[PDB]
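One protein chain is absent from this view; the other protein chains keep their places.
By written order: A, B, C and D. Residues from 1 in each chain.
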Amino acid sequence: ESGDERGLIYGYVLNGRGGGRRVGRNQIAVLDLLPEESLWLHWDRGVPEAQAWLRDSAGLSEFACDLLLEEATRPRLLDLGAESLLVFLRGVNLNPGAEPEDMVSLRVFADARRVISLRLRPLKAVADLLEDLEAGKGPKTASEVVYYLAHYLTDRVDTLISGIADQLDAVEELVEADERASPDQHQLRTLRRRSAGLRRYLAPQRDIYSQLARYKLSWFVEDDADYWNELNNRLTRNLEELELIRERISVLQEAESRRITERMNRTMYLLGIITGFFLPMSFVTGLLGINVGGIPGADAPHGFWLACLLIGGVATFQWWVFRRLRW
Amino acid sequence: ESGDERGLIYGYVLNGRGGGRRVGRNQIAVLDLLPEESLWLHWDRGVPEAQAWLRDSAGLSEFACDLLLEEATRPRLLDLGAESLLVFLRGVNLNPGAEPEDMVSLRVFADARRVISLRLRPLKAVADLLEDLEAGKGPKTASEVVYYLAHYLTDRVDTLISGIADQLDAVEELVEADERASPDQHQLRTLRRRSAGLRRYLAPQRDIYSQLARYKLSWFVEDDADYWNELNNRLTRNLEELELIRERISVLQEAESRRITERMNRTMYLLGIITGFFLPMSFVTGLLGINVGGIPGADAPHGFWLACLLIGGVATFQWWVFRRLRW
Amino acid sequence: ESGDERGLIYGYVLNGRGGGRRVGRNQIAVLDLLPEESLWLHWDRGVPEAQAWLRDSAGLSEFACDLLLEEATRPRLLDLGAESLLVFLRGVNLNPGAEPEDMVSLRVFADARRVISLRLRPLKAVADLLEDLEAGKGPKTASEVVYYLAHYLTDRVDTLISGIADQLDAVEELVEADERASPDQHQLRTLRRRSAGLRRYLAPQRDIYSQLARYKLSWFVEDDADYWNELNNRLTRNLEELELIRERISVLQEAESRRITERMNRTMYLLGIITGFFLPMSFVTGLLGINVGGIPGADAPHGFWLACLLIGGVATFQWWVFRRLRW
Amino acid sequence: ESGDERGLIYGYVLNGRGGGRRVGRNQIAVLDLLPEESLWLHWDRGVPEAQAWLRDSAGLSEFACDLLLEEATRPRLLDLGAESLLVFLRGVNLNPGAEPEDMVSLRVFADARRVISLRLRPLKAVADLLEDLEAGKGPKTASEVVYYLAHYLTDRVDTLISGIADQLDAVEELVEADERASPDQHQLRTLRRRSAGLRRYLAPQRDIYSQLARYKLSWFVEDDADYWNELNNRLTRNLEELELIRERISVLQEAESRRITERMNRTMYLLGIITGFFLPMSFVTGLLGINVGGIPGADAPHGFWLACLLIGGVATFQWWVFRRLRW
Partner (left out) sequence: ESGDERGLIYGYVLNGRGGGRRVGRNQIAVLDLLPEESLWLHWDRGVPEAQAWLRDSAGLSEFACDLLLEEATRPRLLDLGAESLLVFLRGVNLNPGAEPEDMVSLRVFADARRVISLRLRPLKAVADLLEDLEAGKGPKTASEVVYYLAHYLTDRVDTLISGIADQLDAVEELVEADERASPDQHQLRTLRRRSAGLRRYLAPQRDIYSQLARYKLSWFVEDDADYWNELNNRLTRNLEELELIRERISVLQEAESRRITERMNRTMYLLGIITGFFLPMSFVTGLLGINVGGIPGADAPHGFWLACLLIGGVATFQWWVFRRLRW
């Protein structure tokens, strides 16, 4: 906000009614009123002042701090003691640079009255949640904040996967509408890479959601148990779609390979025809007589009765190999 | 019926004895008599008035309404509270357009005394159930309606799979009856696509049926537990048939690829023969004498004793490479 | 027997001591004495009078009758109520027509004092059991009849699988005894089809036997529990042999494909040699002098000092490409 | 021993202290003293007198006798009643004939005070155990005899697998030390066959050992429970090594196939070069002038200004296709 900010991207105190207020860098001195309003803090994991405040503030165990300030992580849920669970989520990387896969990683520390979220590269889901909040229809408690974040991450991953599916649909309909048209490589490769890199991170998030759906009594009240369950369902459906997409890509690749091999065989057949017709014919014409037509007026060759038997032999060979080429 | 209908395809109050009656758009004022007769409503999921009535009528939780008015779904059973389970089923798409796979989706909300079914594209199973009903031999309670719908969906999926099997049988018997005959591509591809798209939706329905068969005490009385079990069995058998069909298609594809590769090798062999016979022979005839037979009457060549040794060398080379080509 | 029979193939009342007696079509009026003797009925599932009697006689639930008069089934065991289990078994189809796989289906309804068996195509196991019975050493109770049927079905499936194994052994020993000999296709294909079609039905029968072996206290007394267990073992062993046979067939196929590809490469090498030796040599001889030896007695060419440098260039090219072909 | 023996290979009464004594064919009249010494009998499963004595002696249930006198078996453990378990083990076939895989089968009937072992083809492990015994350091009870047999069978299977691994190591180091050197086929094939045939029988023995390790309280006192456990471990390690060996063989095969395909492409490239250089050049020289150098002293051709434009066209074609061949 006004003045320079150390590491705090979005400092927003909730309201308990979907509303809220931004607090900015002067948040160590907030006195939250009766416990309906949570407090949300979005931190830049790269800025060293963020890690500084994160080490000594809001009383996090040094184990926890070291657990969400790592470099490489995989999606997982982690409960540490009567409160304070840790969730490691993966965005979908709609950054101006590239690569929808290679998913941005979002790390959440969920308390009963605080949520602290970490990221390196900006996420869309967080801006969605923010504009949701100041619109007066956002979440109202910590569990609701985590649910909104997960919901938006999934609402974008499924959009991406449906886009991949329509891309494959266009490729296929083009390939089969035309004929002897190869599918555009360097696109099937990118789609395969994308499906693999998506599954690699979506497989553990489904389990995160399943775990968040089963009991999680005190933290994330079962009011949202079925919501977490249907998020689990949506990721299951998306993984099914990913496997179907991979199998469709493999079918396209096998079809293309078979096509080029059959075309190879066809051109080899034509090559054999061209040779076997002309190589002998160019040899038998070797001992042929005068190569100009009708030397003595009526009939060009004279004395042919001796050696003319050769034109029959190469003709027999030709028709033999021709029947030998057909079958 | 008479007058214009908002979204209600089939409004049919059951009878408890297989009979029933159609009610039409004036159904908010039905007073069902003593509880033997259910009430069935088939809605068009696309018409906005259907979703309008569905939001505020028959007292469905907003969660439920939002759960069966989605766009993309996968087959699953869902129990929500002492009553009112939700089933998401997949037809087989016998629509005039195309594609037996890409299965029509049927979504059922089953109560103890009401069934509400949703669809976008028309389904055969529903017309089957209707003509069954007004024939006086249809279902008589809600569980029976859901069972009839599932039974008809399966009675058509197995017909489709047996059709696929006979198609593969015809293809194979043709291929092996003839010889060097390639199987009709663009048909093996469609059959493979069909098997994959069928399995993608049949794998969860088997689990739906298994779940509906295990306890489901209060809702779907165990009178039909064994019926749901045998529906589970039939889908298991059909999935086995689908895997067998996929493996048969893969065998046909490998056979065709091997055939074209071996034919490629054969035509390359013939090409090598044609060249290795004539390329040397066309070279040794280069320094040959007069290309017309018997110049000095008796014997055509003169002075051959010097350079005639060459015709032996290329002949040795020819028989060498010929023995080198055979083995 | 004497007189015309409606649908009853083998009507044989057991004895409790392995013996028995045939009853024929007049069996509705048998009064079985003190309960040591069962009653066996082998029915033709196709004859409509068999299904007629089967609907209303021996008091079978209409669900049961409809369950074993289906068209397509998979092997499974099915218990229905304090008695009366249903077993669906698969023979091995030693019929004069064809196809050891595509196994004949045998459907058994086992009671405490009755066995009713159904089939379309004749089975060997049943004739085995019959000739066993009238020999005085057959079964003596219902469980024993079902066990004998299963035992004979397995005694024939393992014979078939061992035959397949010896066939593969002969094929392999021929292929490796000789060299550059392709395995007989259209036989590897049939063996692969046979293994697949056998496994498709043997996988559920193993589970049938396991289930029949675990408790089945009242029906099939544990006197035969270990016998059912060893039948389970034998089918497990046969499935292991089937997987081993499939892997051996795949090894043979890969060996053949590698062989034809390497032969293809070899003939391409020979083709390149034939061309690269003669194509240049046939070109350099183009500007060669008189193609007859020793024109001016001593040395054929005159004035060669100008253009004779060319015979070195094509020779350098030849030895270059020859060294380029070797490595 | 002295006199002729019916079927008893090794008749050795143990001692309880690792020692013992051979008894020979006169063993029906041994009166074992206070129960520290077991009694071991190694029988030839082929000799009919062995099966004769085995049917009626040492009081084995006819079920048991029929269970270990079968023809085809798979490795399994089998407990039958308060005593008397049955183990079916597989040797490694170090017989002078051939085939380390195709493992000799050893069948053990273990009592609390008797061990009876059956075999067709001689086993090394048994001679090991014998020379161990008369050395004064052999087993002392029945469980110890079975453990020694299993221990020796494993000590030889792992030797064989390590030999396979070093063979693959030598093959690989040769292949990569040299270049364009194909791996010795007919050896990779034997190693693959060997790994498959070893796994086929080692997979169930691991389970035999695991079962023998879990409780087996009364029979095989838990004094050896951890020993059976580490035997389980050793077979697990050997199966891991077998899978690694199979994957290494597959890598070698793919490398060889890629190598021959790339060499095929290379020789095709050289063939295309040889033709495309000389086929046009041999055609343009067709209408060339006098093929001898310098006819009118200074410059050989006369009147070339009309048709000399052709030598440019085929040169353009040549450089075109040459650039078309490179890229």
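FYI, a contact is a pair of C-beta atoms (placed from the backbone, for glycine too) under 8 Å apart; a residue touches a chain by one contact, two chains touch by 3 or more.
Residue in contact with the omitted chain (choice from D:56, D:66, D:184 or D:230): D:230. When the whole complex is considered, the residue among A:6, A:55, A:214 or A:263 that touches the unshown chain is A:263. Only one of A:17, A:55 or A:189 touches the absent chain when the whole complex is considered: A:189.
Interface residues of chain A with the unshown chain, by the touch rule above, are 63, 67, 72-74, 76, 80, 180, 186, 189, 192-193, 196-197, 200, 253, 257, 260-261, 263-264, 267-268, 270-271, 273-275, 278-279, 281-282, 285, 288, 291-294. On the side of chain D, touch with the chain left out of the figure occurs at residues 158, 162, 176, 226, 230, 233, 236-237, 240, 244, 247, 251, 254-255, 258, 261-262, 264-265, 268-269, 271-272, 275-276, 279-280, 282-283, 286-289, 303, 306-307, 321, 324-325, 327.
To be clear about the criterion, only the chains that are shown with their structure count from here on.
Each chain gets one centre point, the mean of its Cα atoms, and the points for chain B and chain D are 42 Å apart.
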